[PDB]
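Given as structure tokens, the chain that follows is alone and in the form solved without ligand 9J3.
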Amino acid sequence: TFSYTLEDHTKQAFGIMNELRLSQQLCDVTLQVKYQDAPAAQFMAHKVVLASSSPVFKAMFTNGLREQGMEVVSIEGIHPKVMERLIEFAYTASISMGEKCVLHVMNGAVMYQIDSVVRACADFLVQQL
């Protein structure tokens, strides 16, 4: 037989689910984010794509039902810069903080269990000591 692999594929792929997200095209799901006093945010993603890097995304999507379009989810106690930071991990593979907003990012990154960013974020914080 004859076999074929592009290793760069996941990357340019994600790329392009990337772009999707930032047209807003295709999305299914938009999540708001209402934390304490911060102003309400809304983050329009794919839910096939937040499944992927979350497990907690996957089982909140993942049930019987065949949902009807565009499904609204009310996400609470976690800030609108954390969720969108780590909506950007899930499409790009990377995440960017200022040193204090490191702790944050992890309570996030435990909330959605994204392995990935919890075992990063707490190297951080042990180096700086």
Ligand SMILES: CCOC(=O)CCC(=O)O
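What we label the rigid core is the largest C-alpha set whose atoms superpose within 1.5 Å from one form to the other. Numbering follows the first chain given and starts at 1. Compared with the form solved in complex with ligand 9J3:
A 2 Å or larger CA shift between these two forms, after fitting on the rigid core, occurs at just one of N63, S94, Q42, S74, namely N63.
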The other form holds:
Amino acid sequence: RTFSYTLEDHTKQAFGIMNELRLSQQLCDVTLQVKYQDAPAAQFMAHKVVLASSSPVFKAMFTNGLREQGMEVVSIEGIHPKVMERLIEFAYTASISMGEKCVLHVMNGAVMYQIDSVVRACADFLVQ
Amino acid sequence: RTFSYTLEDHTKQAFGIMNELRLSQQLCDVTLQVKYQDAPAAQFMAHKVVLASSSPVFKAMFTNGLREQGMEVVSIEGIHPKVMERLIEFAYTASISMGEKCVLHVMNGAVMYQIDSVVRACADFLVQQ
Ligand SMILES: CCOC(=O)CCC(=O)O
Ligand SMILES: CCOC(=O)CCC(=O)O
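Switch from the form solved without ligand 9J3, shown above, to the form solved in complex with ligand 9J3 and output its structure.
Full assembly next; the chain just shown is listed first.
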């Protein structure tokens, strides 16, 4: 015979533990340093493979050229720290929540990293 | 006003991409050397984050002390490569499949790494016969 099993919500469970390690700042290999004009400088630790799984730009960024081993600090301009936070939070939880006055900004940052999922979601809200 | 959104199958999508990165050996930070008895040696590269998310044992051994961040080679003992390769494939696909005269072996390695999900499924197959 042959025996097969599939834990249905495993990915949801496994991703929740991935977010835990991200808040616990454990097993991280990248540090996003965001700098926007007239904005406090931010700093976001994350896992390269997790961001690469949610954005083709993060994936192409971390798999091309000479990459730092252990911990790679990546400088980032053109996106506000608050927007870079919601993007990471979506990648780690598959959920994104902002105010009415920031959907356009989040949508723009979503396009900058080709997170197509929250691009279309921001579109449905703006033109409701 | 507020806006909320939830990609329900996102976690399945991102895990599929993470399985590709494993099969392409890109961004991997651990290499598991599995030599069981006299079986032919085998190596499995993976991401410590993914393994820590599916196994509390892998999480404990990757998030304690000072690990040489870069590419850690870890020797695995007491488990057969065919079973190990399947536990890794479960961690990246959430699906496991093996033979009948075999459920005992992957249940042991699953118990060895505290993957309760597939431990109960194997136990519920031995009882049901
Ligand atoms: C330019 C900063 O404005 C924002 O986009 C704030 C982001 C947010 O509150 O979700
Ligand atoms: C000793 C290795 O045990 C196995 O993994 C058996 C594999 C199988 O029969 O499907």
